[PDB]
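Q: What follows is each chain in one-letter form.
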Amino acid sequence: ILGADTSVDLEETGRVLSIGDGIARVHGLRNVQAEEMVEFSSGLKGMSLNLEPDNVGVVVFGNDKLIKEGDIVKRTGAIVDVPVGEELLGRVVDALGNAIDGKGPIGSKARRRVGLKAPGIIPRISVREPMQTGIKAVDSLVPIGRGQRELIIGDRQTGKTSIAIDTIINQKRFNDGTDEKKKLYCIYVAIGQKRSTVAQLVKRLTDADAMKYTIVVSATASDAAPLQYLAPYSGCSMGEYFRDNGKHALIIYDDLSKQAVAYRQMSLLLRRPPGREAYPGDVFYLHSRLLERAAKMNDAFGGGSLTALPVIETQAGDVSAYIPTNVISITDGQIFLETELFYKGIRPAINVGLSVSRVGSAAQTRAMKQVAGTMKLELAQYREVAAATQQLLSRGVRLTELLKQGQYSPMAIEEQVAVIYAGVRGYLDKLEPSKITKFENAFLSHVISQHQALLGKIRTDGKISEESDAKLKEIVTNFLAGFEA
Amino acid sequence: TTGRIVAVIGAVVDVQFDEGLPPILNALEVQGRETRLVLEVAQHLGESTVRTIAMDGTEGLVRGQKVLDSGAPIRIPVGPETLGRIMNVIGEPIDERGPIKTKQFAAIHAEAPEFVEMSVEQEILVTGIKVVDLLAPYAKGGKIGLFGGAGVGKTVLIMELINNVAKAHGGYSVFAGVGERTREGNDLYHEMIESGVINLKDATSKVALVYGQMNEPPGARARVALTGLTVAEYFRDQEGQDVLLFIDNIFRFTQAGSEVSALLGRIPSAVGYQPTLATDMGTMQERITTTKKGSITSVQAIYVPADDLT
Amino acid sequence: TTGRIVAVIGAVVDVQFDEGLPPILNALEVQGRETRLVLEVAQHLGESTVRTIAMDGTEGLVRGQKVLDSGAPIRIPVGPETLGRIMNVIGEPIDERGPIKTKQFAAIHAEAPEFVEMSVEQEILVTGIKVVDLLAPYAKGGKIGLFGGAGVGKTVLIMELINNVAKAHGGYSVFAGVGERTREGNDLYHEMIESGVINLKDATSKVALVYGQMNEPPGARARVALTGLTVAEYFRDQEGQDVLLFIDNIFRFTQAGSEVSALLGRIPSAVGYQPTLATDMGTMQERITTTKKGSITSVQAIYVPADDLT
Ligand SMILES: Nc1ncnc2c1ncn2[C@@H]1O[C@H](COP(=O)(O)OP(=O)(O)OP(=O)(O)O)[C@@H](O)[C@H]1O
Ligand SMILES: Nc1ncnc2c1ncn2[C@@H]1O[C@H](COP(=O)(O)OP(=O)(O)O)[C@@H](O)[C@H]1O
Ligand SMILES: [Mg+2]
Ligand SMILES: [Mg+2]
Numbered sequence: 001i002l003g004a005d006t007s008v009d010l011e012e013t014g015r016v017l018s019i020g021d022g023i024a025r026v027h028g029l030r031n032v033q034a035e036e037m038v039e040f041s042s043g044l045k046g047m048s049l050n051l052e053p054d055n056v057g058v059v060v061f062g063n064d065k066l067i068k069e070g071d072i073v074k075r076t077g078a079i080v081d082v083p084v085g086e087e088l089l090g091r092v093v094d095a096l097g098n099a100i101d102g103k104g105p106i107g108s109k110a111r112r113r114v115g116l117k118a119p120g121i122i123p124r125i126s127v128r129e130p131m132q133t134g135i136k137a138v139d140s141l142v143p144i145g146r147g148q149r150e151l152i153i154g155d156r157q158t159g160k161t162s163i164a165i166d167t168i169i170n171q172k173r174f175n176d177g178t179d180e181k182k183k184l185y186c187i188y189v190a191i192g193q194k195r196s197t198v199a200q201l202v203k204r205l206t207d208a209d210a211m212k213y214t215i216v217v218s219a220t221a222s223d224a225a226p227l228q229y230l231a232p233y234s235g236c237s238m239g240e241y242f243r244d245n246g247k248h249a250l251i252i253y254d255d256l257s258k259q260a261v262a263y264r265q266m267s268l269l270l271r272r273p274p275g276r277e278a279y280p281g282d283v284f285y286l287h288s289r290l291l292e293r294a295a296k297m298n299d300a301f302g303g304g305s306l307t308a309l310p311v312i313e314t315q316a317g318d319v320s321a322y323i324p325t326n327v328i329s330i331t332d333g334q335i336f337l338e339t340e341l342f343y344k345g346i347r348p349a350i351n352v353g354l355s356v357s358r359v360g361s362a363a364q365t366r367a368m369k370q371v372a373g374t375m376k377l378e379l380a381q382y383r384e385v386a387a388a389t390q391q392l393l394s395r396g397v398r399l400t401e402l403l404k405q406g407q408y409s410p411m412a413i414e415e416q417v418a419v420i421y422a423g424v425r426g427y428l429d430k431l432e433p434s435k436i437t438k439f440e441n442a443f444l445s446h447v448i449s450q451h452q453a454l455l456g457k458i459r460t461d462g463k464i465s466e467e468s469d470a471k472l473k474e475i476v477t478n479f480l481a482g483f484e485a
Numbered sequence: 001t002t003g004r005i006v007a008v009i010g011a012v013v014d015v016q017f018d019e020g021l022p023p024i025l026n027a028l029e030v031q032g033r034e035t036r037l038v039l040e041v042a043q044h045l046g047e048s049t050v051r052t053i054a055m056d057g058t059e060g061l062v063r064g065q066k067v068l069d070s071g072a073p074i075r076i077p078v079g080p081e082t083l084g085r086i087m088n089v090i091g092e093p094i095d096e097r098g099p100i101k102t103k104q105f106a107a108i109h110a111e112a113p114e115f116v117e118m119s120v121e122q123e124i125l126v127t128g129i130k131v132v133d134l135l136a137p138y139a140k141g142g143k144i145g146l147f148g149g150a151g152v153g154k155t156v157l158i159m160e161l162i163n164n165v166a167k168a169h170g171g172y173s174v175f176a177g178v179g180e181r182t183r184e185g186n187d188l189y190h191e192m193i194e195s196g197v198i199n200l201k202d203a204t205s206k207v208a209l210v211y212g213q214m215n216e217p218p219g220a221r222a223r224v225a226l227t228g229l230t231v232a233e234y235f236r237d238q239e240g241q242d243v244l245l246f247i248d249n250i251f252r253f254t255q256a257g258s259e260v261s262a263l264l265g266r267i268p269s270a271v272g273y274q275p276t277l278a279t280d281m282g283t284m285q286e287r288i289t290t291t292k293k294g295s296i297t298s299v300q301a302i303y304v305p306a307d308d309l310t
Numbered sequence: 001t002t003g004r005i006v007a008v009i010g011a012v013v014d015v016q017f018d019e020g021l022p023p024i025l026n027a028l029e030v031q032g033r034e035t036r037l038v039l040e041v042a043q044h045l046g047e048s049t050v051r052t053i054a055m056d057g058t059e060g061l062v063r064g065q066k067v068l069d070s071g072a073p074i075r076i077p078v079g080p081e082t083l084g085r086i087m088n089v090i091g092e093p094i095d096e097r098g099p100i101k102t103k104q105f106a107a108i109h110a111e112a113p114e115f116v117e118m119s120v121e122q123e124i125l126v127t128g129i130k131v132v133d134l135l136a137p138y139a140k141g142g143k144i145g146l147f148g149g150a151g152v153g154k155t156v157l158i159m160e161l162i163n164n165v166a167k168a169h170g171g172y173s174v175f176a177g178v179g180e181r182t183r184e185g186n187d188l189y190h191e192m193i194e195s196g197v198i199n200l201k202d203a204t205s206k207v208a209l210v211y212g213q214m215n216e217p218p219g220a221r222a223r224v225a226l227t228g229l230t231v232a233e234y235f236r237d238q239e240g241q242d243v244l245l246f247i248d249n250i251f252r253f254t255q256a257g258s259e260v261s262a263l264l265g266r267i268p269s270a271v272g273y274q275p276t277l278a279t280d281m282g283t284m285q286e287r288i289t290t291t292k293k294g295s296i297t298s299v300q301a302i303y304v305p306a307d308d309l310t
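Residue numbers (the working numbering), protein chains in the order written: chain A, 1 to 485; chain B, 1 to 310; chain C, 1 to 310.
To be clear, the hints were calculated from the coordinates, so they are not data collected in a lab. Virtual Cβ for every residue (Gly too), placed ideally from N, Cα, C. A few of these clues could be false.
[Unchecked claim] Derived CB-CB ranges, DEER-like:
hint	chain 1	residue 1	chain 2	residue 2	range
1	B	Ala-72	A	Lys-182	52 to 58 Å
2	B	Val-304	A	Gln-390	40 to 46 Å
3	C	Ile-24	B	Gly-265	30 to 36 Å
4	B	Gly-145	A	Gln-390	25 to 31 Å
5	A	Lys-117	B	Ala-270	27 to 33 Å
6	C	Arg-75	A	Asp-244	29 to 35 Å
7	C	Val-271	B	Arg-63	38 to 44 Å
[Said to hold, decoys possible] In silico BS3-like links for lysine-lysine, alpha-carbon gap of 25 Å or less:
hint	chain 1	residue 1	chain 2	residue 2
8	C	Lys-167	C	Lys-293
9	C	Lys-293	C	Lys-130
10	A	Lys-438	A	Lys-344
11	A	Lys-203	B	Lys-143
12	B	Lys-66	A	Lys-68
13	A	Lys-344	A	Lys-404
14	A	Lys-473	A	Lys-430
15	A	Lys-203	B	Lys-293
16	B	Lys-140	B	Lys-154
17	A	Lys-430	A	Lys-404
18	B	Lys-292	A	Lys-203
19	B	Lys-140	A	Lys-203
20	A	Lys-74	C	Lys-66
21	A	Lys-103	B	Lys-292
Construct the entire structure; sequences and hints are all you get.
A: Here it is as structure tokens:
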């Protein structure tokens with residue numbers, strides 16, 4: 001007489017009781033841990049969220065319509081985790097960490113949990129190193145430090161993503177260089193976007209030679225809500241690898257608005273009590289625990305950092321809405337973009353009055369502080385005068401056109417201060433507003449070609465000295481005279 | 001495998017099975033009825049029972065009435081024989097021109113093209129119209145929001161885009177009538193015959209009509225866009241064409257999804273919409289893209305409720 | 001007596017005991033873990049089972065895991081040795097400076113001061129701010145509320161009040177970081193070491209720090225306001241000192257309550273809040289007051305959801 005089959009004992013395995021509303025009720029899995037990863041019979045992954053007395057409610061990372069009743073669920077053993085290392089660089093992956101670019105397996109060695117708690121008070125230290133975006137309007141007015149959290153926020157099609165893309169393209173300067181301290185590894189997390197948009201995005205980075213230091217987590221609109229919900233935390237863990245091992249990294253959640261609606265879907269299907277705009281009570285906790293992990297580590301804990309650039313979509317410029325205000329109260333500053341400025345052609349369209357970054361101001365070069373010290377308040381007062389003081393309008397129109405910048409073309413910090421110096425010091429007052437854009441191109445291509453020593457002294461010292469100031473004064477002055485007539 | 005109806009509450013119908021429990025999305029043929037009644041499985045309630053959404057009126061159903069599993073989702077006719085014809089959500093012809101003598105069949109539910117299949121290059125679709133091409137041009141594999149109703153030559157613009165894309169790019173078109181007036185479906189059908197984009201005499205028609213108007217239940221109206229989409233997916237995937245998919249209108253697809261979600265008993269989201277608002281839209285709109293083989297450009301009418309874009 | 005975990009869901013954990021069922025408030029130590037996971041008994045479900053709230057992440061918990069009863073509520077260190085130190089929600093030190101050696105150990109939960117114990121002094125407090133002193137001036141040993149939306153200036157205001165009032169003050173001070181930015185705790189900690197109010201070498205620290213920031217789970221953020229409160233009460237009751245309490249942000253106490261309330265199996269109140277919103281705040285707030293013996297001056301930062309004071 002043959003022995004009975006004990007392969008499906010309810011200790012380590014279990015069968016599905018029901019499935020339909022996102023959740024899979026599983027009979028068995030007695031030894032399974034809370035928030036543990038579990039594998040379904042169809043090669044699909046899931047998370048043990050609800051541990052009830054007679055069943056286990058499982059969140060299905062993927063299409064739950066593949067799972068049927070009586071399907072055998074199995075334990076992975078470990079808590080929900082993802083592949084982690086430098087092998088992810090130049091690879092596009094899903095929330096689980098599986099490659100979707102068709103370039104073979106990742107070949108990662110280490111792994112990290114998605115739901116790790118952020119560093120406490122002692123490991124942290126105030127931000128010091130500057131996180132250079134390469135955008136004039138950003139780096140001058142709203143600078144970002146390494147380890148800082150800076151919200152990019154605005155209406156649809158206001159140039160939110162373009163700020164993040166140019167920031168990633170700008171890092172090639174440092175990454176293809178000698179200084180290991182100034183390197184920055186990027187992580188672009190896509191939540192709720194189109195796959196075509198993400199495919200176009202990676203090609204743009206590939207053409208700019210930016211992919212080889214960039215990880216791309218992708219949870220697009222067609223993917224299940226749990227994958228969109230998970231995507232940020234997976235990418236965050238991949239960023240923490242660098243942070244903990246004495247390296248600096250950037251992460252872009254694009255966007256947390258589309259994550260919130262995904263988590264709202266799960267909660268409304270879980271039948272949890274809704275609140276403002278049908279969102280659950282822990283939508284703040286959702287983004288808080290994510291963003292807190294972005295921090296600046298002291299020398300005792302490696303001396304690395306993780307810089308976060310979460311994105312938020314506002315409806316009709318309503319910054320006072322529920323989700324924006326939650327993310328505003330987490331981050332260390334905001335960059336608000338307006339539809340009005342973007343429609344006129346003032347790009348990047350940044351609201352100088354509302355946008356702030358006090359934490360990143362401390363982590364800024366002394367050279368940029370000199371030229372763009374008063375510029376913050378000057379542009380704010382310029383927007384007030386809708387209907388001696390006429391000179392404010394004569395400057396405002398120039399500095400606005402001076403801060404305008406083309407797409408996919410960042411600038412070095414020493415290159416930026418040279419351009420801002422021209423307008424702010426009053427060497428472009430007697431000039432047509434339309435001539436400001438062409439002047440910049442001719443001026444910038446001249447100084448980068450001829451005056452390398454001037455730019456080098458500004459970068460090396462990180463300051464505009466008296467000799468550099470007098471030197472730089474006589475470039476813009478004489479170059480203008482030729483450019484005029 | 002065979003099943004039995006255990007509960008009927010409006011469009012929602014529960015069906016119990018003995019052995020073979022059908023997966024989610026699968027179409028179920030209800031037996032002992034005059035016309036073809038299709039039930040689409042939505043959930044697995046447990047104890048060998050599944051909850052379904054009806055694609056037609058559920059009157060006349062009895063507890064214990066037999067239901068057969070098709071073994072797949074709602075399969076429909078797809079091919080060149082769909083051109084010039086009208087079909088309902090479940091693939092049956094509703095123009096009284098006999099059966100749609102098709103060669104292949106395709107399920108309405110389908111996974112969106114993978115990341116590797118995506119076209120990295122953004123190419124322009126030449127409509128042939130000067131207002132469009134110059135100021136607000138159409139992108140291949142893109143989705144365009146048409147605004148406005150009657151008194152502005154809406155149907156004439158639609159017919160021209162069908163003609164010009166077929167004339168220049170050699171790609172057929174598809175018109176998915178989603179939840180609008182059946183009167184308007186009759187008006188367009190004859191205008192297309194008058195213009196020439198539909199031809200009843202010979203096989204030179206450029207449009208495949210797929211109607212599921214407001215007279216049909218919310219279960220039907222929710223799956224009509226997918227039916228028309230699947231017809232457009234044939235010409236992309238099999239024939240390698242630049243296809244043109246019209247949806248009139250996208251709000252009714254969203255409304256039907258909200259009604260189906262409400263009837264199932266899911267706790268509603270903001271402004272009375274379903275929790276699965278982004279996913280229901282996402283899984284449909286992601287299938288409309290450019291691929292290695294071809295593309296599907298979509299011109300979708302939009303009714304903005306209360307003139308509120310937010 | 002040992003107890004087995006029967007159900008786990010987020011912060012809420014159900015524990016079953018054979019004999020010796022623990023009362024409400026009592027802390028329970030979970031076994032087989034690296035970090036000390038404390039479960040606080042909230043309800044009695046029946047059939048020798050109790051519903052608890054976890055003070056840390058519940059990941060890794062298995063059904064049938066052992067849970068020991070401490071025989072009392074969450075006990076924390078209190079005294080002059082807590083000054084110049086950083087405590088967490090359950091009394092443990094989180095500043096890498098060894099244990100907090102104290103004779104007394106106060107429980108975080110306690111009854112409010114009785115009616116006869118209340119004081120009735122109303123002496124004005126000169127902050128130095130023109131808008132405050134003129135229009136709505138604060139009182140010594142009073143309760144001060146700083147209402148503000150997202151990024152209006154509560155943390156800047158409360159830091160100014162600490163810079164103005166807390167430096168020019170004889171007694172001690174207590175800061176309670178409830179559900180706010182963790183880097184602000186780091187900024188504050190090192191700034192207070194820089195100024196001299198927190199001395200590392202000497203035993204003359206004027207401030208006691210307590211932190212359960214927004215990175216922590218709801219159970220921690222829901223009870224950390226009571227933890228820092230209990231530290232200030234020791235100086236008021238036993239020693240009889242004029243304490244300066246500072247909470248940022250007190251909304252996170254109530255916000256954390258709503259998250260656990262959902263999981264505790266209660267019918268939700270208006271705007272998805274817990275039904276016990278007034279009483280949970282009442283028992284907590286009533287403790288923060290000037291008694292006959294001691295005195296506490298509380299400057300509480302208050303968050304305003306979506307700029308809605310209603
Ligand atoms: N500095 C710029 N100069 C010129 N064009 C720009 C600039 N920045 C962005 N654009 C253009 O504006 C369009 C919208 O920008 P972008 O997609 O970055 O905004 P967004 O807020 O990310 O939009 P969405 O949130 O809908 O994706 C892009 O197609 C891009 O080509
Ligand atoms: N007294 C002040 N003077 C100038 N700016 C202030 C002042 N108080 C607040 N702010 C501005 O408000 C921003 C946010 O302040 P904060 O106290 O963090 O607000 P909240 O507590 O609402 O998050 C700061 O970055 C600062 O620019
Ligand atoms: Mg974008
Ligand atoms: Mg604050």
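Q: Give a verdict on every hint.
A: Comparing the hints with the structure gives:
no.	hint	result
1	B:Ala-72 with A:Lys-182: 52 to 58 Å	holds (57 Å)
2	B:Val-304 with A:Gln-390: 40 to 46 Å	holds (43 Å)
3	C:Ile-24 with B:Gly-265: 30 to 36 Å	holds (35 Å)
4	B:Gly-145 with A:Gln-390: 25 to 31 Å	violated (44 Å)
5	A:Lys-117 with B:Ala-270: 27 to 33 Å	holds (31 Å)
6	C:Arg-75 with A:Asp-244: 29 to 35 Å	holds (34 Å)
7	C:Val-271 with B:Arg-63: 38 to 44 Å	holds (42 Å)
8	C:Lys-167 with C:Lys-293	holds (23 Å)
9	C:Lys-293 with C:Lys-130	violated (32 Å)
10	A:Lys-438 with A:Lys-344	holds (18 Å)
11	A:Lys-203 with B:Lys-143	holds (21 Å)
12	B:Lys-66 with A:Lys-68	holds (21 Å)
13	A:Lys-344 with A:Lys-404	holds (12 Å)
14	A:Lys-473 with A:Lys-430	holds (16 Å)
15	A:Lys-203 with B:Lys-293	holds (19 Å)
16	B:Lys-140 with B:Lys-154	holds (21 Å)
17	A:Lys-430 with A:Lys-404	holds (19 Å)
18	B:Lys-292 with A:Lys-203	holds (16 Å)
19	B:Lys-140 with A:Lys-203	holds (18 Å)
20	A:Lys-74 with C:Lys-66	holds (24 Å)
21	A:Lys-103 with B:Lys-292	holds (18 Å)
Checked against the numbered hints listed earlier, the structure breaks hints 4, 9; every other hint is satisfied.
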